[PDB]
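*Asks:* Single-letter residue listing:
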Amino acid sequence: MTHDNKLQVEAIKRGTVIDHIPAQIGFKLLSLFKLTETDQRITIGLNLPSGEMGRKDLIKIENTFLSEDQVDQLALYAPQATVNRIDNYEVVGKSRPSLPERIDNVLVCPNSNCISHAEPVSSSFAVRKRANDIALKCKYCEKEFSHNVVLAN
Amino acid sequence: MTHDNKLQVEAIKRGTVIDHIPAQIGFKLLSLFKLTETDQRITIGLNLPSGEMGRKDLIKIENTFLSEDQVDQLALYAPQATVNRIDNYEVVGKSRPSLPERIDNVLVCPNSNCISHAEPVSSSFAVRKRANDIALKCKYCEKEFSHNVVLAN
Amino acid sequence: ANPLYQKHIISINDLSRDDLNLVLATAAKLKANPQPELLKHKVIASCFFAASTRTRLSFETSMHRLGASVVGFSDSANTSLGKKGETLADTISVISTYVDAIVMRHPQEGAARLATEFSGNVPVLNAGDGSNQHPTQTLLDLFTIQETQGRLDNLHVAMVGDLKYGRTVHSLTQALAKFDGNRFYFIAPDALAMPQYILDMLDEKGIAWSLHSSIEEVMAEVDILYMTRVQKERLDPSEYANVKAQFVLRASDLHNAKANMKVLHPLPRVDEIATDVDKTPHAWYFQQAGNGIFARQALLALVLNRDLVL
Amino acid sequence: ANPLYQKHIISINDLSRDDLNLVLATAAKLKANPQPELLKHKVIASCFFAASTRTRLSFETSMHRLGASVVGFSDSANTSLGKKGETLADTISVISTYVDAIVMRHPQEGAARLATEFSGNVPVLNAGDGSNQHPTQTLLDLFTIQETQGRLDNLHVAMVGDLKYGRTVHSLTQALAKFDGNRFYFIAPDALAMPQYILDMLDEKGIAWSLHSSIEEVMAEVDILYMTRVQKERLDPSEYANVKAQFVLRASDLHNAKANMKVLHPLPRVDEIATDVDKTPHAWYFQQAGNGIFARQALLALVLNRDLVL
Amino acid sequence: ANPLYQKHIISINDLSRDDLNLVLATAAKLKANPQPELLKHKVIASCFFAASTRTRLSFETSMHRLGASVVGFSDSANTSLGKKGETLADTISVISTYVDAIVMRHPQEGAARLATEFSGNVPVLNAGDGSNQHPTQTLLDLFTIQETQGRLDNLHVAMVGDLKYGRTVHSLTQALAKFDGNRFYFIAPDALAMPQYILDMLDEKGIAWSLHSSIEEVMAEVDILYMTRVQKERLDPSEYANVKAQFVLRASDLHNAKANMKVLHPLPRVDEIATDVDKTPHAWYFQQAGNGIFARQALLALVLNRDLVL
Ligand SMILES: O=C(O)C[C@H](NC(=O)CP(=O)(O)O)C(=O)O
Ligand SMILES: O=C(O)C[C@H](NC(=O)CP(=O)(O)O)C(=O)O
Ligand SMILES: O=C(O)C[C@H](NC(=O)CP(=O)(O)O)C(=O)O
Ligand SMILES: [Zn+2]
Ligand SMILES: [Zn+2]
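Residue numbers (the deposited numbering), protein chains in the order written: chain B, 1 to 153; chain D, 1 to 153; chain A, 1 to 310; chain A', 1 to 310; chain C, 1 to 310. A prime marks a further copy of an entry chain.
Honestly, I wouldn't trust all of these hints.
Example chain A' residues on the side facing chain A (calculated, C-beta under 10 Å, incomplete) [claimed, not checked]:
{"no.": "1", "residue": "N2"}
{"no.": "2", "residue": "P36"}
{"no.": "3", "residue": "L38"}
{"no.": "4", "residue": "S52"}
{"no.": "5", "residue": "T53"}
{"no.": "6", "residue": "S58"}
{"no.": "7", "residue": "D153"}
{"no.": "8", "residue": "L155"}
{"no.": "9", "residue": "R229"}
With a straight-line cut-off of 25 Å between C-alpha atoms, the simulated DMTMM-like cross-links for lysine to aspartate or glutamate are [to be verified]:
{"no.": "10", "chain 1": "A'", "residue 1": "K244", "chain 2": "A'", "residue 2": "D200"}
{"no.": "11", "chain 1": "D", "residue 1": "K6", "chain 2": "B", "residue 2": "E68"}
{"no.": "12", "chain 1": "D", "residue 1": "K137", "chain 2": "C", "residue 2": "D203"}
{"no.": "13", "chain 1": "B", "residue 1": "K139", "chain 2": "A", "residue 2": "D19"}
{"no.": "14", "chain 1": "B", "residue 1": "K28", "chain 2": "D", "residue 2": "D39"}
{"no.": "15", "chain 1": "C", "residue 1": "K244", "chain 2": "A'", "residue 2": "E216"}
{"no.": "16", "chain 1": "C", "residue 1": "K258", "chain 2": "C", "residue 2": "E233"}
{"no.": "17", "chain 1": "B", "residue 1": "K6", "chain 2": "D", "residue 2": "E119"}
In case anyone wonders, no lab produced these hints; they're calculated from the structure.
Note that beta-carbon positions come from the ideal geometry of N, C-alpha and C, so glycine has one too.
Can you make the complete structure from the sequences, with help from the hints?
*Replies:* Here's what the structure looks like:
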């Protein structure tokens, strides 16, 4: 259901729709939660101005269905975006990335003497509302870090 | 003289439009070219269909035009890929990537003992076609490797 | 069963005052009447991937002092991990199949954590994991603080030395921050300063804490002076200006000392404390050392015995 | 007295099915009801001239799990042999005068043999002598094979990895070759191939064995898959092409796997097995590890107790 | 001007027959009519980042033979590149501002080429860059072959030894491929055979080469038996299987060899040439080492001098 100006069949029978992604954030996400490592018909719109959002990135996958967890994780890079559970072409549910408990596998502890590097285990940070940002606490080393300084796999 | 067959198109007013991109090489391109930086709206057709070409990746970049060398190294990545220049909502230019003579600054000489690693210089291989694959000779170590191996850097 | 039964003692962040209080109680109990046979038939593994005199030895005596048998190692250099490229996890995987509990010290952080992921039912006791925790240390500390002060609330506590890398002070600050009205004075080199994440905890808890540039002025209003050696081995070459102790304490400094005040030190000490102090009575680090038996015992006792110790 | 009473367990070549069978039996017995005091008053020496995690630790727990006391060493570097130029024989000469039994692991072959020449009455247990034997290993192996298969005759047994230098597979091939109708498939680098002298034994015995170039085709007809790490430390520089594992096994490979088939590994493993396998049920190497107690126990029990264990 | 004046001699692949012939002809002239002062007032740099006995010295003698002054280092260890951490690019960049030409030997491949990009109009001469090119070798070699055979076409040349890492034969083979009807036999262990891209030129030029598992298959065939040393320094651990000579030449294997045939060797030799050969009238390695003087002067002359007239 996309509105006016020209054509765009960026709308499917089945799939998920990451509306309102802050510009540039689009690309990242695609890699981070590796959303391209599927085979379903993906369609990605980068920097497409809309109105409400001067320029908003945006992604949609065909036949693919986001997990309440998988979803939440986006609350670190685009908490103000909207997921749309598109079934039979019509919106069945409109969700939003809400901050999660902790972010298992896809985040590398910046601590070099962390055991999480040497040994084969899945990364893991607890998430927290520090002040003007999120704080990240390695499951192992117990060192916590800004969600701006921590890097991810 | 207008849009395509399958039902998901958004023809740009001016800009390049890469089609026929072999599967899961559409995202490599997007990165190994830094076309995600720009502001211009971008359209990405991942895992698109083909029937005869199977799944295809297509990149619609609005108002941006591929360097006349950038298409020369794309000659390697997606040889079956086509690039449609577009002006006033139309396919004004039509080009296809032929294998350049030598390519520099992007590939990495697989020879570890190559000076190029240690020293501060720009790579450079000569692109000569064998029978079944392109062979690349590093300009310094003078060793020749098949494009498959030099494509691991 | 008792609260800490079959529980992993990994970080002090996962214990409650009740927990702390329980070990203590049990320490004071066992210190009065020992239970030489309390843990016979049990076999505990003493795994030290890192150096230790106090921690390892005091723990092993504890196990023997309770009829338990001990196996393990002081150096990983001779372990298959040591010479065959084994992984710590697989290491723990096999070891969990042999013994009833695992005591381990390790050069990297969250190492004990890691181990509980493979330890299975077998509880894991952290004897120090990098700059991170040192819970069993804290327990003897508290036991000693209480021994000599009569309480763990409303103390004036000064932590001098390396706090950035001091797992010792990491845990223990967390521990009395679980108590009320505790004044924390921090005297540290600006690079070996105390980590943010410990201060925040203090902030939110509303516990008060204030940096200080010398022992000189904290010295009159402190019950406890916790001294620490500079964790020289964990230092970064850009911190090697700080390898020598900034704050040395001699007997002279203690005139103003509250008569009740004691000097504490995790040990070992290199020059941050001068032997003259050893004579004076505020000096308690060697008594502090002696207390590690009781705590380690109490702990062992609790973790291995369902029914609250007689 | 029992057959293995006061006997040296040096090589599997010197044991009989009856012998093997006896230890097993006794293992399964002690595993059901333990005898915590069976060996009290005894003192056993744990002498490791070589690195070990599993072998040394599992043995020492065994001794403690039977009331025995333990003395010994994990590294010869601190022995007078280590620093005073003593001879292994004289070493064994003095040690035989102190203890009731000697467990030793050593970097060279026939080292345990040697020791029995000076050990005196005191029985010697080989915990591994170079590329040569590893009998106690074999015992837990068999115990495990039988645990999971119900028998030791008529098995399809695939030995992958380093077999030239694998004392582990040296012994164990000899061991089931004492059993009937055992199919041996050998997958090894042409240089880490299995030694002639083990094959001949197989020839004369009429036991069947066939080289294979991949796990892929043996995989459907095997009860046991014995994986081994490349004995990197015994490798010759002209064999360092083979230091990396040729045959890695992942979960993917096990679709065709008989539902009863188990993966075994002496441990440790470096990359010859991928952690995904760890999830799957053919994986038994960590259970395999756990069994070393029982076998080592049974053995200890038999060698030290005249009267057949209750 | 001459075709070589001011040129970089980096790779044989960058020169033509006529370029070669030019040098051998000058070589020839100088060997009989010496030019004591040809390069007088010229100052040349001898920069060896790697060991050399023959190449460095012979070069430097050539220089003095021509009256040029020399300046350089036998080793990078006490250069600011060696201790202060200077890039080679910066290194060639300042040295190029001092001297009249640059003779360079370097352990990495392509070092030669990169210098030219920094030496400005100052010619750079490859005394060897890793296992890539040894151009100056090929010149004294050509010269030496010519001198003994009287031709450079329709020769039967054997190339034994490390061919994969042998920079001397990489360079020698492209040079003889410029001539007519040469016949190549390559005898080397599989781990070290002639690199593909080399053969690719051979084939693609219509030249006839052939591989042989031994020396004595071609012994009465070949005119030149070019022996090479195993480049153990450039060897990979996986290739360490092959560090010993696989084809060794004895003075008895020469029994059926052509009488005009000469044994060459870039040198040094370890054991792949028996000292008894040295006496045989086939042994020619030491004489060719001598011709390095002539080819090398010859070279020096052509590059630094617009018009030579002898
Ligand atoms: O390192 C120190 O100074 C404090 C502390 N030391 C102790 O535990 C005493 P020891 O190392 O003998 O067990 C530790 O964190 O290792
Ligand atoms: O070395 C191995 O891989 C197999 C075998 N390993 C074992 O006995 C286990 P560990 O060395 O811990 O005692 C041995 O022969 O040492
Ligand atoms: O090293 C060899 O065996 C052949 C050859 N050797 C020579 O150049 C002789 P030298 O090392 O004395 O200069 C080389 O390429 O360095
Ligand atoms: Zn961490
Ligand atoms: Zn190169």
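*Asks:* Against each hint, give a clear statement of whether it holds in the structure.
*Replies:* Quick rundown of the hints versus the structure:
1. Of the supplied interface hints, the one on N2(A') is violated, with its beta-carbon coming no nearer than about 25 Å to a beta-carbon of chain A, more than 10 Å.
2. Hint on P36(A') holds. Least Cβ distance to chain A is approximately 6 Å, under the 10 Å limit.
3. For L38(A'), the suggested interface contact is broken, since its CB lies about 13 Å from the closest CB of chain A, more than 10 Å.
4. Taking 10 Å as the C-beta contact cut-off toward chain A, the hint placing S52(A') at the interface holds, the least distance being around 6 Å.
5. A distance limit of 10 Å between C-beta atoms decides the matter here; for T53(A') the minimum to chain A is near 4 Å, and the interface restraint holds.
6. This hint holds: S58(A') has a C-beta 6 Å from the nearest C-beta of chain A, less than the 10 Å allowed.
7. With its C-beta approaching chain A no nearer than about 28 Å, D153(A') sits outside the 10 Å limit, and its interface hint is violated.
8. Because the smallest distance between the Cβ of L155(A') and any Cβ of chain A comes to about 24 Å, over 10 Å, the interface hint for this residue is violated.
9. For the restraint placing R229(A') at the interface with chain A, the shortest Cβ-Cβ distance is roughly 7 Å, inside the 10 Å limit, so the hint holds.
10. Among the hinted pairs, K244(A') with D200(A') is inconsistent with the structure: their alpha-carbon atoms are about 28 Å apart, more than 25 Å.
11. This hinted pair does not check out: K6(D) and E68(B) have alpha carbons roughly 32 Å apart, beyond 25 Å.
12. Proposed proximity of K137(D) and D203(C) is supported: the alpha carbons are some 18 Å apart, at most 25 Å.
13. For a cut-off of 25 Å, the pair hint linking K139(B) to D19(A) stands: about 22 Å separates their Cα positions.
14. Note on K28(B) and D39(D): the hinted pairing holds, with a Cα-Cα distance of about 15 Å set against a maximum of 25 Å.
15. The straight-line distance between the Cα atoms of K244(C) and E216(A') is roughly 36 Å, outside the 25 Å bound, and the hint therefore fails.
16. Proximity of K258(C) to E233(C) is assessed by CA-CA distance (about 34 Å); at most 25 Å being required, the pair is judged violated.
17. Taking the CA atoms of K6(B) and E119(D), the gap is about 52 Å. The hint is violated against a cut of 25 Å.
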